[PDB]
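Let me begin by presenting the structure, written as structure tokens, before commenting on it.
Excluded from the complex is one protein chain; the other protein chains are retained at their positions.
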Amino acid sequence: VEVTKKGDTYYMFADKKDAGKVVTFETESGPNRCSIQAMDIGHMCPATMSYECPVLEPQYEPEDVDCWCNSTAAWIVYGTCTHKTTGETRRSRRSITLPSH
Amino acid sequence: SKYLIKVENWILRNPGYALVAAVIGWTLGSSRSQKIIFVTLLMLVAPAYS
Partner (left out) sequence: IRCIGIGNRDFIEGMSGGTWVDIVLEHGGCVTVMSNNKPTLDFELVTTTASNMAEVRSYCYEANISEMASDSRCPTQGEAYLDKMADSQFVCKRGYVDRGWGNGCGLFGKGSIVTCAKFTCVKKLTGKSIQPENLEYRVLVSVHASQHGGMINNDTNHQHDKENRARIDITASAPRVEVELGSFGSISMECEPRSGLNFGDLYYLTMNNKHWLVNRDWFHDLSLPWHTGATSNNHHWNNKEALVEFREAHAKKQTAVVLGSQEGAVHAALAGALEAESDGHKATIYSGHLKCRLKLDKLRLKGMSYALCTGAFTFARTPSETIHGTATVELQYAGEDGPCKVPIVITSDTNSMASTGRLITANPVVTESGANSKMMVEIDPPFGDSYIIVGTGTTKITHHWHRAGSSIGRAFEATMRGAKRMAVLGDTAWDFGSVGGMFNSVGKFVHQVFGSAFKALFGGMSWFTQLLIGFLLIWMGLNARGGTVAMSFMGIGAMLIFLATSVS
């Protein structure tokens, strides 16, 4: 995965292949091992979900969290689409109805 | 139907003679309905002289 810093904050460009595995990079504090448990992760495409995942103490188990690192809070970003066909999932099935007349 | 249209067209073709015959037959009846029958006789015999 790509690791960059824009304005004193770390961005981790993670593709689809690195799904369910940890990665180690370097910060101003030192080495950082960060785990990624993204279940709905997709291929690389303009539709990119990005969310900060926070640092926590190893003596606690993750709860409703699919990303955690231990140096600081790290911002993760990854595409969300199917088979690199340039198409989002858009599986909402809201089926909004309109008045007849 | 078959004869009404013919006599109607005949009346509309020469209404003067028809009105003359009608006013002649009007004064030759004993009762009102009898006068009507007498003028309808002329109305019916009007198309064919024979």
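Order of writing sets the chain letters: A and B. Residues in each chain are counted from 1.
The definition used in the following text is that contacts are C-beta pairs under 8 Å (C-beta built on N, C-alpha and C of every residue); 3 or more make two chains touch, one makes a residue touch a chain.
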| item | value |
| --- | --- |
| Full-complex contact with the absent chain, from A:20, A:31 or A:54 | A:54 |
| Interface residues of chain B (partner: the chain not displayed) | 4-6, 8-9, 12-16 |
| Missing-partner contacts on chain A, residue numbers | 40, 46-56, 60-67, 73, 80, 88-92, 94-101 |
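Keep this in mind: only the chains that are shown with their structure count from here on.
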| item | value |
| --- | --- |
| Geometric centre distance via CA averages, chain B-chain A, whole Å | 108 |
